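J.: These are the residues of each chain, in order.
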Amino acid sequence: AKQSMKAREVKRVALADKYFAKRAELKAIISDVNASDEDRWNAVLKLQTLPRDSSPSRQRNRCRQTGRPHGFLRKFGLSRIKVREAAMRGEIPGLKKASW
Amino acid sequence: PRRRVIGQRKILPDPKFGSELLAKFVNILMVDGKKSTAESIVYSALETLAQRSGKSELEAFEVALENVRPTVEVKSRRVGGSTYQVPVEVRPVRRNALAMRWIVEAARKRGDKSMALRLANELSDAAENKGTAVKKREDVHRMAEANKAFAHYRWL
Amino acid sequence: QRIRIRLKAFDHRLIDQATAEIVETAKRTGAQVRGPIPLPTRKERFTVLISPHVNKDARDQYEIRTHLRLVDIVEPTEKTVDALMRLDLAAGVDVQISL
Amino acid sequence: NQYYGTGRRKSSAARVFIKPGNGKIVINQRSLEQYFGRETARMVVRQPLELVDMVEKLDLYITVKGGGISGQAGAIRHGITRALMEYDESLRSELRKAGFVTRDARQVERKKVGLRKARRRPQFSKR
Amino acid sequence: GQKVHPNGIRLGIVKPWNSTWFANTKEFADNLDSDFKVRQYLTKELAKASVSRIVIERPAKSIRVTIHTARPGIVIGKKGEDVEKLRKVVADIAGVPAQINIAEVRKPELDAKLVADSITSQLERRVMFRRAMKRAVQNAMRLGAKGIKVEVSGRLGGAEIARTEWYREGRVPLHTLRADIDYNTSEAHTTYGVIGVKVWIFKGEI
Amino acid sequence: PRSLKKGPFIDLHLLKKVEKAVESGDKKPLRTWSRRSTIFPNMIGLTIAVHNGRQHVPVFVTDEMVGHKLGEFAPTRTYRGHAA
RNA sequence: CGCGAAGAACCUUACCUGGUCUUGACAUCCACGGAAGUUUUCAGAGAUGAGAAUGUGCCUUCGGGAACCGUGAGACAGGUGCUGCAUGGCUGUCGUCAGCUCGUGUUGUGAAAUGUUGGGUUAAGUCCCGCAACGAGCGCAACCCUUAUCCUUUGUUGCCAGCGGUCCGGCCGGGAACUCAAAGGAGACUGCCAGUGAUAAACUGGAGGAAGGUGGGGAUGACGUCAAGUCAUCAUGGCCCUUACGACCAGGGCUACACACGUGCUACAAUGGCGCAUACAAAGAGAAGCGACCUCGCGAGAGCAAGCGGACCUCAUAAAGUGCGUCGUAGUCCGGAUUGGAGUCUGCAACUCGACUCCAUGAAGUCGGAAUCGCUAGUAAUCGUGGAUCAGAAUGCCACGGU
Ligand SMILES: [Mg+2]
Ligand SMILES: [Mg+2]
Ligand SMILES: [Mg+2]
Ligand SMILES: [Mg+2]
Ligand SMILES: [Mg+2]
Ligand SMILES: [Mg+2]
Ligand SMILES: [Mg+2]
Ligand SMILES: [Mg+2]
Ligand SMILES: [Mg+2]
Ligand SMILES: [Mg+2]
Ligand SMILES: [Mg+2]
Ligand SMILES: [Mg+2]
Ligand SMILES: [Mg+2]
Ligand SMILES: [Mg+2]
Ligand SMILES: [Mg+2]
Ligand SMILES: [Mg+2]
Ligand SMILES: [Mg+2]
Ligand SMILES: [Mg+2]
Ligand SMILES: [Mg+2]
Ligand SMILES: [Mg+2]
Ligand SMILES: [Mg+2]
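Protein chains in written order, with this note's numbering: chain F, 1 to 100; chain R, 1 to 156; chain B, 1 to 99; chain E, 1 to 127; chain X, 1 to 206; chain P, 1 to 84.
If you're looking for bench data, these hints aren't it; they were derived computationally from the structure.
Note that the Cβ used here is the ideal one computed from N, Cα and C, for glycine as well.
Wrong hints could be hidden among the right ones.
[To be verified] Derived, one-sided and incomplete: chain F residues facing chain P with beta-carbon distance under 10 Å:
| no. | residue |
| --- | --- |
| 1 | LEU26 |
| 2 | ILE29 |
| 3 | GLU38 |
| 4 | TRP41 |
| 5 | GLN48 |
| 6 | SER54 |
| 7 | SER57 |
| 8 | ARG58 |
| 9 | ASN61 |
| 10 | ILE81 |
Let the sequences and hints guide you as you build the complete structure.
T.: Following this line, the structure appears as C-alpha cells:
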C-alpha cells in the first residue's frame, strides 16, 4: 500500500491499546446504566474530549504484509491473493484446495 | 438429444389407485414445487365424480380423458422460407400428455369457488363431452382440417 | 480421578501417530486405558478471489480440516502423569490435559 | 428376537424393528397417523405391506431422525424393506421388481462458484 | 490458460507443508507473521548460502527451523558461530527460543530452487538466456532427472517486446496427482526489466 | 437518533462557546465546524455560521427548529437542474 | 456494467474546500537532554501550540545502547503521480474444447510429409479395423476430495434394541447391538447372458447388484489466441515531483438526478391472505465473542446473569407443510412503496448518510411489446438457514437443507 497509510494504522492501534482499558469501557457502562443520573452527561463530554483516535472503530484491519485495505481475512491477517500465493508455497498448515 | 437418444422417464404410480396417469396428471398440475396440496385436490376431485357418476371413478376419468385426447397435432416449421403448420400423428405417450395439460389451464379459467371444485366440474363436463376441453378439441380439429392443406407441404 | 485427553491437529495421519504413541507410554508406566474416540472433524472453507484486479467467477476454495480425538484414562498414577509430561510428541498436535 | 432395518432417502436415517404382532406401528413414540400429516406420506410407509402378506402379523417399532417429511417417509420405506430382507429372503423376484430394496442415491447438489442455484447460471445480456 | 500451482494442488497428497504447526485462531495470524519475518530475514542474508527450503516447526514451547541447502559450510561458519548468531536473531523475531537443524542436499540440480536461482543469477551476470536454460536442462538429465521443463519469460535479450521461451526434456505429468513435481519460481532484476523463471522437475510417482 | 437514556448530543467546544456568548449576550455569529452537534434551547435567537464544506452558512436559531441538528441547515450540494 | 468494493457516517479515501508542515507520517545513520506512562488546564475544527506535577529502569571497564522521545543538518525518504503498448507475478477468454508434438522407419531433389489420414465408435487423438508406418510423450482418462452400500476398529461430550431402576424426561446404574462420529478396508470392471455390429471396438437389452455403463457432482484448464485486465495488492525498467504529484488535520464527496442501460429483491394474489394448534433438517459461527433462564418492555431492546475455546453452552428455532375456521374475487383481511409521529442498538458522533421495532397513510401494479435469458434430475421452480466482509451497516457473494 503506502508507508504513510501503514504508519497511520500503527499509530491508531497504539492509541486504542492505550485508551481502551482506562476510560472507554467504563464510560460506556456508566452511560448505559440507568442507576446513575447526569453523571452520564459529564462522562459524555470527557469522552469527546479524548484524542478521538482511540476508538477501535477508527481502526481498519489491513493486510500486514502489504497494507491492502480490501479483501482482508481475520484468521490469516492477509489480503485475499496474498493468502492464496502463500498457501501454494505451503506456508499455511493444514490448508489445501477444497473439493466437495 | 443430439447425440444419445433416451427413452421416457418412469414415474412412481398413483398410490391410492395404482395408476401412472393420475400421478402424472397431479405432477403436471403441481406448481411451484407443491405436490402435497396437489395430491389432496386430486383425491377430492375424483371422489366428487365417484358420488356423481358410477362408483368406479376410474372409468369416469378414463372417458373424460379419451374424449379430449388428441391424435393429431400442429407443428410449426420453415423449409423454403414459409411458415408451415404441418399436422402429424402423435404417439400416445404425447397424446395423453398434451390432453391433460390443456385440461389443467381449462380449469383455471373456469373460475369456480375453489380449485378442487373447478377441476371436478371440468372433469365431469368432459364426461358428457360438453366441456370446454371438447371445445378446445373441436377447435384444434377445425385448424387441423385447415392444416390438411399444409399436410402435403414440405416435410410432410 | 479420571482424566480426559484432547488432541488437535490439522493432519489425520499425525493424530493417529500421536494417539498411538501415547498409549504404549501408558503401558510403559503400566496402567489400563480406554480407546480413543473420533469426535466430529471440523472443516473450514475459505473462498478467495484469485484475480488481482477484476473477476468474479475465478475464485478458489481452501479448506482447513482440524481433527479431534479424545482419550480417557481410568486410573492415573504419579508415574503416569510424569510420563505424559516427559514424553515428547509432534509439533503438529497440542495438549489439552484436563483433571 | 427383533429383525433390524435401516433406511435413508435423502438426508435422514431410519431405525426400524420387527416383532410379531397385530399389525400396529409406532413412529418416534407416536402413531403414524399423528406423525405423518400427509396422506401420501402416510401410505408410502405401508406400501410394501400389501405385496407382502405380513401386514396383519407384525408390530413395528420405528425411530426416524433427520431430513424432511418426504425424505423421512422414503427413509421409513427403505428401512422396513431391509428389515424384511433378514427375515424371508424368498420374495426377491417380487420386491426388487417393485423397486424397494434399491437405495435412492439421488442427492442435493453442492452450490457452484459463479452459479446461483448450483446449476443456474446468472441471466446475462449479450451486449 | 492458467495452470494451478503444482505444489499447492499436491500439497495435501505428496508435498509436505513448509509450515507444520497447529494453534487456534487466537495466534494463527500472529505466528503466520512470525514465519514470514523469519523466512524473509533468513533469505535476505543467506542469498549466497544457496538456501532451498525452509521448514518452520512450532513445538509447544519453541520454534524449529530446518534449512535444506546445498552449502552447509557457509551457513554454519567456523565452529558454529554463524548458526548461533542466526539463533539469537531468529529467536528474537518470534520471542521464543529457536532450534536450527541444517539438512544438506547432495544433488542441487534436482531441486527446483537451486536451478531457478542459478538461472536468474546468470541473467544479471549477463549470461545469454538460451544457453543458461540449456545448461540447466543438461545438468538435470545427467544427474538423473526423469523430466525437466524451464520457463524464462520477460524482456529477453534487451528487446523492446517481452517474449516467452520454454524448453522441455523428459517427462512432466502435471495432471497426474501421484507424480512428484518439485516446482519453484525465481526472479531476475536486470537493467532492461524483470524476468520470471519457472522450473518443473519430475522425479517419479507415488 | 441517540437513545433517550444517553441523552442528546453536544460538542465540548460548541457548548463552551454557546454559554459564553449567551452569558455575554448575542453579539456575533458563532463560527463552527461541528455539524454533528444538536441544536439545544440554550442558543435560541442566535446566528450560527455552520460549515457546509466550502462556506460557513449562517443559520438563525428559532424555537421550532430545536432538536434538529446544527448541520441540518446547510445543504452541501448545489443542483440547480439538469436543464440549462 | 450486485465488477476490483468479503461491506464509503468518521476511518477506509487515493477526491474537494480551508487550516498546516518541509531530513518530513514511515527506515538507516550525526548532535543534545532525557524511561514510558498518569493526573490537570488554555487557544483552536483538530492537527498543533502552550501551561504544570510525578518518574528516571538494566548490564556495567560507569565509556552506551535498545522502547524510544523532542530540535537542526545532510545521503534523502516518500509519490494509490505517467506508460500494462517495456515488464515479472496473477487472472479472464475460446474451453475441459480435444487437440499439440517427438524418436526411428519410409516417401519427397527439397521445404517437409507419413504417423495424426480413412470405415466405424466414443464424453474424448476413447477404442477397434484398415493403412508405410512402428512406438512414445504432453493433454483425454486414472491417481486426490465428497456423496451413494457394506465389513472391521474406539465409545464420549454422541446412541438407547435388551436388563433392571425409572423425580417416569436416556434422566440412573447399565449395554456397545444400532443411528452417529472418523480410521482403515471391500465393491462397479461392459465383469457375465442375449441381440445388433464388420465373429473387432463399441451400442442396446437383461441378470445379479446399494449403486451399470465416466454412479451423481468437485478440483484438475495442453500447445496457443486476444499488444485481453491489473504499474491502484505486490515487485519492477524507464518518465516526472521532491517547501510538493510528499505528509498531518477538521468539514465535505465518492449516496448528486430532466434520462438510458444492465444485474437483482418484493409483488399484482384464492395453489392465496389472515388467525390458532401442531413436525422433523443440514451447514457454520462464537473469548474485546455467541450469549441462555428469570424480570420489565406491544416491540426492536434493556436489567440480572448460567454456561461455552465447544458433538455438552449460546445464536436455535427452521419456513413453505398439515389440521382446523374466516376472507370469497373486491385495487381486496392483496401489494407494499412512499410519508408522518414516536422509539431501540452500534459508535466520539446516524443532518447530508446506518439498520431494525411500534402506531398512522397506503402509490404503481389485476402477470407485462418487439425482443431476450437460465435450465435435461433432485435439475428448473420455490421456501427458509448459515458464513466471510463486519463496531453498526445485504435484496449482493459464498455455502446448507426442506418440498
Ligand atoms: Mg509503496
Ligand atoms: Mg470499519
Ligand atoms: Mg437448494
Ligand atoms: Mg484455473
Ligand atoms: Mg471520508
Ligand atoms: Mg478526512
Ligand atoms: Mg497485455
Ligand atoms: Mg520421422
Ligand atoms: Mg531420403
Ligand atoms: Mg492435428
Ligand atoms: Mg501432419
Ligand atoms: Mg495431414
Ligand atoms: Mg477416423
Ligand atoms: Mg473431455
Ligand atoms: Mg491418447
Ligand atoms: Mg492409423
Ligand atoms: Mg483428467
Ligand atoms: Mg491493451
Ligand atoms: Mg487498461
Ligand atoms: Mg460506489
Ligand atoms: Mg455483519
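J.: Which numbered conditions among the earlier hints are violated in the structure presented, ordered from lowest to highest?
T.: Of the numbered hints given earlier, those the structure breaks are 1, 2, 6, 7, 8, 9, 10, listed in rising order.
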